[PDB]
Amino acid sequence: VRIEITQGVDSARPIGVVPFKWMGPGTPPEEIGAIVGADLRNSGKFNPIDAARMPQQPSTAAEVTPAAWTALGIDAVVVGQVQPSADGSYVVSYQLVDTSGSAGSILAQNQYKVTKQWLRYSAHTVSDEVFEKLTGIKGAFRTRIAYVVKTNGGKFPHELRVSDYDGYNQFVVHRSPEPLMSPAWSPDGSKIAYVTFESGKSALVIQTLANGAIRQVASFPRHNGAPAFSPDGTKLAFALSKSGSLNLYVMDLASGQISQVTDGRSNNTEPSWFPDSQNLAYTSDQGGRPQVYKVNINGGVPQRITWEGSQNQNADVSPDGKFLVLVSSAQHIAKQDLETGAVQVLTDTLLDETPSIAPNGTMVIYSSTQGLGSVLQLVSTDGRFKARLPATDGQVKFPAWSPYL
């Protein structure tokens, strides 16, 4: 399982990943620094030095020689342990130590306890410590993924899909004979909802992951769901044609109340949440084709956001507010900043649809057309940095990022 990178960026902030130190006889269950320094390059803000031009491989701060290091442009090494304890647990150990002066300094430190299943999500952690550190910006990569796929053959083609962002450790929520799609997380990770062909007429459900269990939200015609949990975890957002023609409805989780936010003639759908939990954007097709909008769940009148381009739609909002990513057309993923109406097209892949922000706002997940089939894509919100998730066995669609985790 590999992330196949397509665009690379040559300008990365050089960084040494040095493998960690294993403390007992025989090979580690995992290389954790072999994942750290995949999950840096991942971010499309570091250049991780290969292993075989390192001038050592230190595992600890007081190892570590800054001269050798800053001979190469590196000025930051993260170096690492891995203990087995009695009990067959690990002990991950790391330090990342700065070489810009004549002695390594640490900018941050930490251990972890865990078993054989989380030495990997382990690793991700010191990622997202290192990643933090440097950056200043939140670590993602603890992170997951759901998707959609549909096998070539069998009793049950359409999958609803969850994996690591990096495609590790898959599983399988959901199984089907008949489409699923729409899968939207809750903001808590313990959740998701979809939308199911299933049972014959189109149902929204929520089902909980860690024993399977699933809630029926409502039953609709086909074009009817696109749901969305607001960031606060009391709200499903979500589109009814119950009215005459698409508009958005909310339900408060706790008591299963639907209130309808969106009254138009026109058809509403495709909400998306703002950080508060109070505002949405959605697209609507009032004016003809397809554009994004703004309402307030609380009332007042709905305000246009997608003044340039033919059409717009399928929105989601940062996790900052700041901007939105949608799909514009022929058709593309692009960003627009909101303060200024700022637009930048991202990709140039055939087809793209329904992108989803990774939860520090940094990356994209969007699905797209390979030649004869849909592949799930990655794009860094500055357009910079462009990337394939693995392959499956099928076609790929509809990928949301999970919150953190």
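Positions refer to the first chain, counted from 1. Just so we're on the same page, rigid core means the largest C-alpha set that superposes within 1.5 Å between forms. First, how it differs from the form deposited in another entry.
- Once you line up the core between these two forms, the CA of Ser243 is the only one from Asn110, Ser243, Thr151, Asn267 that shifts by 2 Å or more.
- With a cut-off of 2 Å and the rigid core superposed, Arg222 has a Cα displacement that reaches or exceeds the cut-off between these two forms.
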Given for the second form:
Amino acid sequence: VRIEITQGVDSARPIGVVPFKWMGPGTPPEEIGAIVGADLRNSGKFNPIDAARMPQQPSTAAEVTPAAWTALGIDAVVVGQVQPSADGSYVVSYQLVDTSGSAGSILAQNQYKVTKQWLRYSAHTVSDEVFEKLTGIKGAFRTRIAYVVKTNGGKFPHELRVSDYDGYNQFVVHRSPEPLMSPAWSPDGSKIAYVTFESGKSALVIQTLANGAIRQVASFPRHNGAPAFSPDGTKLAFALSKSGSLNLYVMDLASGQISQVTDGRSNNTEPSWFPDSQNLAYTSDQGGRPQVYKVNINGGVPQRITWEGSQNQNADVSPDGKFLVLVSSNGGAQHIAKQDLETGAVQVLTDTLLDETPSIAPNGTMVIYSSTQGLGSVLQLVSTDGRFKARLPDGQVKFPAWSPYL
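Can I have the other form now, the form deposited in another entry, not the form deposited in one PDB entry?
Chain alone follows, minus partners and molecules.
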């Protein structure tokens, strides 16, 4: 069962995705047309319509009736096909078809040959092209999310997990008797840093997913936490409270040499990288209740950048470096708010209880964060303009992290 849309955008661009023609008996393991359609509805940019309202269901761009589509207001059609090999692997075919004219013009074409395992990736692969072709903005459907799940029982109640961005292909990365915190993706996507309390005290480590090996990065006295990889992957930032309070550090991953970013008696944590990988956005209470600050890892004095609201923490900077997304708390409540870094216009994106830990998709279109329901927490989704809200489902889930492009 697919992602749940809480708030659909009715003004979404109409598109028709047609069920792919499965060239064989019975049923295909996966239906590409069902996934690609959902993906565009998932993006909140498109409004894929059901088969009942389709004037036709063609496989190739030669069976297309443009007038029958533009009458619906659909300006393009996605047709496809699924051809099996003799190896249990399959060939996926697709075409993007323009309906605005005398001829049904093709905008995009591609063929993919995959084994049964990688069938969903194919639909994701088609989607990343079609979405990008129509919008000009790179799709993030072949991305992943990394989260932490807390079961209220068993020997191992704490689990760091990873699935596809839509929750499919779920698998466990780490099982711990003690809590796990704050997973952070590496710019490639093969490694993840997080905080683990297995020893009894906090520890910051990095796991290479492909083999499941552990690199210990910092286990200094007191909390070692809040990892951030620079968009280039060269160095990692984090906060250490060994000093007596949480203050920021950065480590050159290759050298392993360790440097102090922040000097304070105050608390500085939750580091978020600027696209340049020379600048860090982070939470600081040097001014009293915490606000988000900016400093350069090379040299400089911290400046406040959040100028609206009494309390702002846990920010994520968009890849392009245009906006901020954080937890704006006022008078007891707290919600996910966005801030234009040039304009200044701050916009609250969320209506839910106790919003926290927001993350930004690699193309800066969408936000995934955590919200509290009942006795547990749930993952949430919201478009960066807030016009699109959605839900995302075991035990209560926390610490969502969105993968870089992959």
